[PDB]
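Residue strings, one per chain:
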Amino acid sequence: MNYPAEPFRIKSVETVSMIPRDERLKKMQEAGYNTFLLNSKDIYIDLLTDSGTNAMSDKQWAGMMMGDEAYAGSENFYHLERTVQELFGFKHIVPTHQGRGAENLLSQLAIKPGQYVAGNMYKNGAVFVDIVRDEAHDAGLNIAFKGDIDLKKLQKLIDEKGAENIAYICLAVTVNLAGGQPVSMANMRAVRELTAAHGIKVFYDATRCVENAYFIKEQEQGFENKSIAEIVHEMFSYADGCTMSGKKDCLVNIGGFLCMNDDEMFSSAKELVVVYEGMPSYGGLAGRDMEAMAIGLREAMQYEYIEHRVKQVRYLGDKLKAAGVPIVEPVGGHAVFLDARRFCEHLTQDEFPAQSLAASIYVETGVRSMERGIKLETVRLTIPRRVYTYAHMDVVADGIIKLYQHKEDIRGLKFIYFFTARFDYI
Amino acid sequence: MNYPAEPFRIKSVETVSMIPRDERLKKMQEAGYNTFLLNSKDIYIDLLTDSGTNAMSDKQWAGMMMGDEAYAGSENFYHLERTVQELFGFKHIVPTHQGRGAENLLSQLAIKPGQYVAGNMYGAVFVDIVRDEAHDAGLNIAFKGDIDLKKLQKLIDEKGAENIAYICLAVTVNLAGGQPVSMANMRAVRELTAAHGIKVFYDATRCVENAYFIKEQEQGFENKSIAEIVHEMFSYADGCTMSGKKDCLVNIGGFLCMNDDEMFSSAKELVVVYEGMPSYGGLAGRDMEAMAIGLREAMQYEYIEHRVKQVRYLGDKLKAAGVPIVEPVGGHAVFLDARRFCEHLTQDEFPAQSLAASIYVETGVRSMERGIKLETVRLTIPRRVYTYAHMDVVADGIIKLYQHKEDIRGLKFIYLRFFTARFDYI
Amino acid sequence: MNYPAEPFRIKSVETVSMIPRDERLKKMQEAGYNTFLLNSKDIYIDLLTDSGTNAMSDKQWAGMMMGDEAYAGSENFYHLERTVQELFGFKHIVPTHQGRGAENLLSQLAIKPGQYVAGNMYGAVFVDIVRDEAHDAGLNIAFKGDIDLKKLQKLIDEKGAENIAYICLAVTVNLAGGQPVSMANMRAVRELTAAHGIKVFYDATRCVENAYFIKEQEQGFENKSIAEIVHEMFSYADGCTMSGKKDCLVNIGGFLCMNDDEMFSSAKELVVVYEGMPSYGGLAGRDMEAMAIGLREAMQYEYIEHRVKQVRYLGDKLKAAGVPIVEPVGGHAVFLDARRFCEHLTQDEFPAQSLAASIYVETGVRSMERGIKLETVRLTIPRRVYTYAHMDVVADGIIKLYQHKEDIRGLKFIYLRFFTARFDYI
Amino acid sequence: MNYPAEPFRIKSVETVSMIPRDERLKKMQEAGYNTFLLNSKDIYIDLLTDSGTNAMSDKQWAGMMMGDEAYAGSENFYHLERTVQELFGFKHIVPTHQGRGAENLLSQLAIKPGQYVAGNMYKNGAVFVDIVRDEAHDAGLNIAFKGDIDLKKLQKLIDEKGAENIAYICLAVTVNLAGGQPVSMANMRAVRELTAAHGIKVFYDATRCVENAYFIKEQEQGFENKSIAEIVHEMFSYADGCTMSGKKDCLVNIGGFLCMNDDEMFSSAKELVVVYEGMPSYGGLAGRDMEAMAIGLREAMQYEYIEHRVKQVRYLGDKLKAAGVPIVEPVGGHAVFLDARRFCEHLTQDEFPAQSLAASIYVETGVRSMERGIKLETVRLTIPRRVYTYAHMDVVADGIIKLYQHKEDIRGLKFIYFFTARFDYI
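Residue numbers (the working numbering), protein chains in the order written: chain A, 1 to 426; chain B, 1 to 426; chain C, 1 to 426; chain D, 1 to 426.
Simulated from the structure, these hints should not be mistaken for laboratory data.
The beta carbon of each residue, even a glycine, is placed where N, CA and C say it ideally should be.
Take every hint as true, because none was put in to throw you off.
Okay, the calculated beta carbon distance ranges per label pair:
1. C:216 / A:270: 45 to 51 Å
2. A:270 / D:376: 22 to 28 Å
3. B:17 / A:22: 42 to 48 Å
4. A:85 / D:402: 40 to 46 Å
5. D:134 / C:216: 57 to 63 Å
6. A:85 / D:376: 37 to 43 Å
7. C:26 / B:162: 44 to 50 Å
8. A:85 / B:17: 24 to 30 Å
9. D:420 / A:198: 29 to 35 Å
In silico negatives: residues of chain B with every beta carbon more than 12 Å from chain C:
10. 20
11. 23
12. 25
13. 113
14. 126
15. 154
16. 156
17. 236
18. 300
19. 316
20. 324
21. 397
22. 409
Model the full assembly from the supplied sequences, consistent with the hints where possible.
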């Protein structure tokens, strides 16, 4: 139909308690109506985040059994190095345990104090200039590649601040607003030409780059018949490097990396490792983990894997939408946001409608959701890769639909004291 | 709807090729239109058997990392013995590498030459005492697996009390893809047999699937646990033999359980007389551990309700579309009626094999032609491996083929004759 | 010195209790001075058998994570078939769950009732054609396992050519803990037998251990690879049966290999006639993968030289201290002469059992009383599990006991009678 | 004897290539005589560092199979939290992926610019005052607990800078100089009293705290009969918290943690996580890794495990020492340093004697060592936990002894261009 069956079989499961409502209420009480303080063993479906809770393949698990734990010269590192080179086309790679990690070196490495960094990604040394196209900012409405950079604004910045004062342009693919919005291959190539004209560097935040690639393949004219791998290799052809949190699109539970083409930039990058470590290593990334990341990255290239990933989120969004549930449109490639203000018009900001909606979803279904501030009150439903089925999406949708039909019953809360905050029903 | 979402999350996946129709046709041609000859790597969904392709949990995998491989006094053996004692309520257990190994140990311990054996599912003479309806495939009757008490009485009477080794009760019984045996039938058989001092041994291979049926259908058990039903089932038996490969959620193993102290000693000597030293009959410590853990997981109501209903979901969708299926749907398989499906073909024009071949080409699903005699195509479902979406791939494929039954060409031999036979279209 | 350091690093360990002498005595008492009755958790070093307690490599563990558990067309089966074809040079392979399962499949395929079988290691009549020295335990002669060609000729002659099923060659032969068979003996036996059209099947269980001996002792093989020796060994046979649990570095599995096309078909039908469907005879896909990988690892010269020399190291230290041992030392075990050790006791006062009991109390090492008849204590060594330091714990313990042989009290029964027997001091 | 056999069995191995000398020379050439540029697959024994290459138990590996990957409320985190609380007696724990990580928060958390930090551990905001006792600084000579803080110097600092200007006292146990030197329980308790008298905080660098505990148990009067666990719990009773790199003494490949008792300090610590992450998590530490760390920490408490750890290093040191090899005394608990200046008096600093010694050790034995600057030229031999045997220590010793006896042959090198530095033989 519109929704493809999973392009894999289950190799192993994680059993669940399957605690009833009365029990879920107790737990919810004890967590003080704060979903973020719920124990993992008490949740059926955990949609808190799409970061690090991916299900790995049996291939990745075989790879975890072959960790070459040398401090240096690890064969797992060559594996990863070769994979990134081949798929992303970047010369050098500096592995980190976190994306944040990769992000730090680059900044250190590429920003002189009082220089500018601009990007589509909405303060130390640098000033960030949000250069996204203005209807990126928008909700409800649809412009396909909402995260595209506004070339007039980029050109303008260049004009009035000088190319010399621009550290680099940072383009996130996909950009993480409204559940991840795509960037066109057309805009990536335009950006490369304008910037290159002024000797400006371009770094991508490649975290959900496979998600981006699917959007391109699916909706950008001329890419209909290209491989995800072909799209991925071309996207990166327009950047000087990238930073990646492998915990998202690499189908791993940990890892990140910093990539570049620049010899010099590279050299220096290793130095900073040395200054921060004393000895250059794998940024405290086990050999087994580099191996699993290398295998996961290639697995991410299967079209059926990413099509199914995106449409599962799509499916939840659709189901919610066609029942009248107040959701934020357009639906991203990795999360669905409930509109808490519309959901609970009866409660005011002061009675924490999102917080309270999150609590009810859990009491009714065994589903954990995250309260938001995206500044509208949204309850986020973020979906990890390969962990859940459509039947699991049905559990989530059905319960929210029934909640919605009784929205009036959702009671407000009071701070009987945040990720630490404890509350009580007013 | 009527069907529960999986009571588990996916911990790891097995990646699949997802080869297109064009390559499937070719592989089919190459396999000689014999699905038994297809390679595992070329199969999307493999419904050939429910035996041994079960997905283990992460707890089962943690057990696999801790096998105590001592030849004697293994911690794993103790865990397995405890577990079975507690849930089956059998005093003694003889681990084996296969169901079939436990059986032949029983047959060689409990039968005197020329003695009869009587049961619901098929030296020695085999007497079939299952009620007559067991034999009617189109008839939707509950607990079709029940033994005919009168047929028992007749056997008892004409041959006498010790001309009978024992009575063999298979739960569920493997005709029509697992038909249950009511507890009432089990309490009955015991009674009649214990009076004459006769022995009853159960084939516990799909005993949890049977338990689910009793709890779901046998007026009186609605509020009894799966563990409570199981425990009582075996209170009406002298022992059982179990193939772990089925309801224990493991890929290998079985065991022989008895209550009789003597028989146990005889049994044990018979292992020392086959091996040299008493063993765990070619069962690794890691395997006894995973099997112990799996028996326990098999007892969660939500697990088994989900298991049986996923099968029923497949059955219902076929049923409601007019696809001729065996009834009632069993606990682990759905059988298509190939004769009625392909009325245009002849036993001679091999309707089952051709049906099975077309199914594969159309969907990437492997089924095996069968007979239970009746000419069927068996869709056997492994535990915790597939989803509802996977059931749909299977269901939609068969329905489209059904809507063109007439287009299914017949086959001829172009050469046991089952597992190796090659065919060509007519 | 004379003994190589391990050709491997430790990837993971198995933790041990390290219980003191006082608690060991008690456990011994509780086990009734029967080491067979000790619990695995109470043992420091377990030298009961070399069968199945082998340590697998991380490559073998990566294989275990990738079992393709399809009932037919498993990728694992293909890997295993390739591997054996290539190294053993046998055309066909029938996987089995045990060595013993492969054997009985052979015996039931290659023997006609009343036929004799002849070999070096012990319906049907068993003729022992090994040279007479094989039988002298105190005699240090090389290649003690060789078949007496004249004894063969005599058997051939008095009973005639087809009154003989086949000739059974065990390499190494399991008397004196693994005595080798020279290639020359193997080329000879073939010759004589192929003339009369007679069949030779090898018991390849410890075939790599045999290869090491040939390469080390048989003038001519010094520069031939372990793989080259192995390959040629099996060029003199019709097939073999192998217990994977020994030289394949796995905890379970075996196989039947033949060259004969017909026999293979018969064999295969005999699995379909025991199972219903041709199987992998209760061998998981993960297991065929680990066994394939293990055969290959068994071929590294450094692995097997280390294996055999670690055993020899134990032998040398006993030897040089005056401890009465069986000679020459075999490829996988050292046997103490209990009669000579404990000259003060009588067959009646159970010298072996008491020796084995004292060893345990003193060192935390489990050995088993044996007979090969001669009354010994067998110290069997698993592959890649222990170190030289572990050999020392064993060696020093026995030497201290030796220096007080006289203090070893005799035992009596306070009750097969082997595996369950309980004793008390005299 | 003086050297205990390993208090464990091998569960799995990592196979090695076992490349010969001529091949090792080539590799050495290609690495440009820089051991730090050697591939892991080409090394037999890798003594580069004692950081992160520990062999985990089968218990830890079972624990890696049970990773609860929730972003929050992970059961693995409770596991670890409970273990640290029980063993170290600290209230709160903030897990990190690296020790360095833990180190960073504390600094941020506990140092006001221009405050002092003093410790036994030889510049941002703070001034470090080395307060070790002066014969800590020493080589050759022996004072048992060489890392003890000089109380007169601590008192003096307090006197002239003011208690208010001291951020905290940092005590590393063991201190990492000369391969790790111990601190007395007597000195830890003295420090707590003096500091506490002035309201000064004390933080320990607990990285090799189990190593420390052994030294105390072994050489500090009154601890002879205390448990390692009893010693460990008491050491921590004298500190406000600690930072730990679990990669050392926790027998893991990754992880660290920051511990404290202070409610407030704790609260704030979480905030910093939030400022650096956005959401409080496990400092980017997988659930499987926290689980493995929890189990490893407890395993570290086995006396026989740590005694054997320390004496293995001791054994190498001893063997080297009794042959006349120039080593740095006293021998630490985790490494042996070769004196390169004395080893190669024929080469000058300018011809990089350490660098060149490291290269020769590798060419001759297949052993990788690290060039040092500890400012004497030393070649470091650092030993990972549970990976190597005494036979492996013999390989290392024997080769260095023969090198030593030919020291004159070691040729100097020239920079034909550091951890990146390539050289050539002059």
